[PDB]
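**Q** Below are the chains, spelled out letter by letter.
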Amino acid sequence: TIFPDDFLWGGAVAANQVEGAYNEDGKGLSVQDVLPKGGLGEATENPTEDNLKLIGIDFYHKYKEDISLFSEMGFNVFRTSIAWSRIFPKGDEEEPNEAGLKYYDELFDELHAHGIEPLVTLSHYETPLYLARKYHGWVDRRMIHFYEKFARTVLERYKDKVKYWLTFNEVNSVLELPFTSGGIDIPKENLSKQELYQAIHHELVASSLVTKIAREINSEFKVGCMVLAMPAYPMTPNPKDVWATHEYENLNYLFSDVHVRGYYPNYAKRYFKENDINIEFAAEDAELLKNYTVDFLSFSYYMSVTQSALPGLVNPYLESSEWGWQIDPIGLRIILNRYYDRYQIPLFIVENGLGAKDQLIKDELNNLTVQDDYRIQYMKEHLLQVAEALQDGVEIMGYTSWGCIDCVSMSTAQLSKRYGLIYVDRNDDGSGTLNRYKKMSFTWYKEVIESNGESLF
Amino acid sequence: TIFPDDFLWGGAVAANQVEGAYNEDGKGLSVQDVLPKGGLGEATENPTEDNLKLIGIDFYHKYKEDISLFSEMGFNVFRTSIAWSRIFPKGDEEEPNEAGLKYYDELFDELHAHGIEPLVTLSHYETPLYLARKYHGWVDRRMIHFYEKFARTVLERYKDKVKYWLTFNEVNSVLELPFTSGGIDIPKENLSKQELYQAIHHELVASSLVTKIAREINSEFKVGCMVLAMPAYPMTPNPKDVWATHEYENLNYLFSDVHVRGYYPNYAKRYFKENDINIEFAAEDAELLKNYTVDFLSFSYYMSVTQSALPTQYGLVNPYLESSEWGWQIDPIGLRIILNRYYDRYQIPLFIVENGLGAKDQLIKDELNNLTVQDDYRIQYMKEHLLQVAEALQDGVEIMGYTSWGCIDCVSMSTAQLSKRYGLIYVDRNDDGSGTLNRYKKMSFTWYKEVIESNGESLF
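Residue numbers (this note's numbering), protein chains in the order written: chain Z, 1 to 457; chain X, 1001 to 1460.
Among the hints, a few may not be true.
Just so you have them, the derived chain X footprint on chain Z, three or more residues with Cβ under 8 Å [to be verified]:
1) 9-17
2) 60-67
3) 264-278
4) 322-334
Hints in this document: simulated from the structure, not taken from any laboratory.
Every residue gets a Cβ at the ideal spot worked out from N, C-alpha and C, and that includes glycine.
The task is simple: from the sequences and hints, build the whole structure.
**A** See below:
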């Protein structure tokens, strides 16, 4: 078979996008609880009722039924985040919140009960609001300690229940979304490249430090980074556009180069110099970065981009989704190869999927469902490209479909753009029964997993 | 100052393309002595008078004068090959030929007397003809032994005269030029991909072996590979074209990957299976390759190439590039692109060991009465490419130096002709062998002198 026998098939969410129960069992407020309009929207002074993340999909209470569905599809892996504000409500507590730790104990146990391995993102846009408001988030080096305290607590607690960990979901998303991403509550107009890059530096050092701690705790742990995969193509063979495209890709490669190689790459100096960025290193930083680099690289992949040296563009060769995003399955094979060529370490595709406004409708069998042939087609083409990449010799640990049960979106905090194999009946206004339904893609994907990919051909 | 203080500035030739003196001082025949039409041409059973390489430019005798010219330009480096057949005429002798070793001792000595570091290519398309005939060259594993015998011999002899060594000029040349590059005697139509890749495997193993030996002899030696650099661009943003371009570049990356990384790369498995290639490893091969990898990567660069998943809708002309009189497209930015691609992949120092512009230079008298060449085309080419090298240095790429190809006009490899000239120094000899063989400073001589002496500062 093309797919390895140990290949991990699954789905992925973030805690804040599903759990709800934002006020329960001593959970402190996160940044997401003041973001009713999502990452692109403004923050409220206090949580408001129209914020869908308060309730989410109520995964916090519904996880056993949900996990039953995951199990019927045959997942051997499930990616989620541990919500930081559940373990350390303010973030500065001397002791963890035991009800939080107990909750995740139960979650993981339930997963293992069905033969499903947890894959845990330590920080996924969940920063305790107190830390954000008090320290302005990651612009403050004190965040490292807080994060360390968080990580250790959970690494130790779950050390026999969780093999796979991710430190940060895209450290560099701090650049576009300082608040959601870095818990930085200073207005974007007031943030220099210097402050943003310094904040990302603190994240990278924390990632390394936590990698060290992890390895001391359990030598069986696998610790990955998580970055945005976006292969870039030149609009034309004009060498000026080829070079523009290279330079564009370096923006992203900088952070993965730190994660994997353990030092700021050769081209950083120039860029920093041209952008007035000078990273302030604490004396321990270089050695932490160099000595503790990631075991694997995980990434989100949605689309490619086309670049030009002209004072990117719309690729005329790509189809677009009903929602208006272009679609590029070959770009997945391309970026898998680019990353592998560059780093020679295992890769994990941890976010991929097709968003659409699915409509729940009774099929001719009387079952309420979503006829999403579009999602089946997207997943199929992408996974065939994954198969090509496996044959190219790229090491790929697995694939977790993004928002495998419909979740609240990160960017807008809406439910109507749906990624899931499982439809959840709850709407943008908060209404609905919260019942779950299998989409047609549920059955197809079940088939792919149970055949370990052979059904793709 | 943007160029490092220690930057190496110079010129490059191969022995067979300049030296002449093909039968002198105990020299044995090389494969080049039976290639009067060059690597693209047929081999002759015995050397023929129409072969320009018999006399070359007679660098063998005139090297002191030529080197005084190199020194007037301010070269701190000069790249050539040691002709294998001057050391081991047949290749299988128990003892080396002392007249040849003495010759290179004297050559390197003049170089150092003028403050020029030698850069020595161990094998540059010069395999002793005896070995090519007897063993059919690199298809036979015994070549490893002979090559090793040869390299140790020179590595030891020159251990205090030569710091920088290259093992092979393009191992993968074998694919296109089995006889010229691999000493492989067998008719081109009778050679499978399997045989060629096996020959190349032998070369790679031999390169690692010699790397081990070099390190035992002198820990200050720096050993490097030499590959063809050819950055590829997709004709359109169609991801099919982008993938076709990626695939194309892997053909080349395979060999540099073994040299630098020390193992056959991940995509090789698929490519080999599709092409009926199965490499036969000796028991110690994999560990040798893994443990002894090059200190640096050196390359030739002339041009980029554009690729399409479907070429017949139009190995394609790049609309945006200028072309030389001779008819090659010109792509300076491509040099920055490829320096960065290599450094991104391997993170080791790079060395540009072949670059230049070929043209039919006309020797004509200027207004000062001096016979010269008005080669401003060549000045423009070098200026633009060296400005791209400067960009790459600012990009943080580690670059050891630059050696202009055929710095003194030399016999070409592909055609064995003199009329297409790369040099800063014109040599009067023509395709039919005629002429005085006198040397003349081209206009580019003075300009390049100023570049070197300012350490690149004159480029700005």
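**Q** Determine for every hint whether it applies to the structure shown.
**A** Tested hints:
no.: 1; hint: 9-17; in the structure: violated (count 0)
no.: 2; hint: 60-67; in the structure: violated (count 0)
no.: 3; hint: 264-278; in the structure: holds (count 6)
no.: 4; hint: 322-334; in the structure: holds (count 5)
Checked against the numbered hints given earlier, this structure breaks hints 1 and 2; the rest are met.
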